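Single chain ahead, by itself, as structure tokens, in the form solved without this ligand.
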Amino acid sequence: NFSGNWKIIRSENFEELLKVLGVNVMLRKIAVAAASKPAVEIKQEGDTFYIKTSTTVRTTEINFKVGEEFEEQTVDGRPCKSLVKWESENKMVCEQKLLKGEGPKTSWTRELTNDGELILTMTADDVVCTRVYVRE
């Protein structure tokens, strides 16, 4: 199950994800370094989740239940309305809809492997970033 404190072990394509969302080079470079050793805390109670992710300069906290819309931010920091569903046993998928304006379609997935790794994917249109974590 997803509860725990998680440390990153792999990251692919993060800078490009930000690039396609229009994030400028200075901010991209700052963000990638800032998130290179994040702190991720998850508390799962059935279908209810608390997820806190902290970088060197940012901290985000979401509280949601699978199947119930909630507000969060896109990876580039725009407010959005999100909805998580279970795709399969321990794989949740989230569609995001901007609160204001338009932009590239964004989504994320979080799944647990049999070996206890957490895989996050984040997509912005046709660009996918994958980050893998393990429990502390």
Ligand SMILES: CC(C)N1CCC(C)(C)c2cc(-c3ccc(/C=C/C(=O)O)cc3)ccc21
Contents of the next structure:
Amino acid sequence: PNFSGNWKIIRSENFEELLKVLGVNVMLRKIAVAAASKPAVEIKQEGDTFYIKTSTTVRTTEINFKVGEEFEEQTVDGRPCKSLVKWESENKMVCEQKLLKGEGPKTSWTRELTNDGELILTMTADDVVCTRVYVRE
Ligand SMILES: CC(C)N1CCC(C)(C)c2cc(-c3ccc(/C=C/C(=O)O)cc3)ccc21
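Show the form deposited with this ligand bound, please, because up to now only the form solved without this ligand has appeared in this conversation.
Shown next: the complete complex, the earlier chain at its head.
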């Protein structure tokens, strides 16, 4: 079974720490943390073609990409960035991000499928590592 699914979060570490290092102020961090507690995550995968929708009441992100072909999205803190996703295996994709404008910490994300049917999202901003684990429902 591939990345396709409706994914439900079961673990999170260091989400607020991630927003902190990206310069998001306390009140905005509190809104984002509240929204991130209960996201709806939709992934449709066809080979290298991906649709990923992460939706909360206050902020929804939808990206369409092909692994290996560059695209524009936002960083986790809403900064426009150039993205490129590569395979590290059939079960792990790694995305390197470059800001369009301004200055800021180096950002990246990884999505990995475990043999036990979990999805692990890793988001980094310089030193800081945020891990979110999802299961299908
Ligand atoms: C003030 C509100 C509208 N605001 C602006 C600042 C920013 C971009 C940091 C943010 C981020 C989020 C947010 C929520 C969930 C996720 C991730 C969820 C997931 O992948 O499970 C990412 C960002 C929500 C809300 C939010």
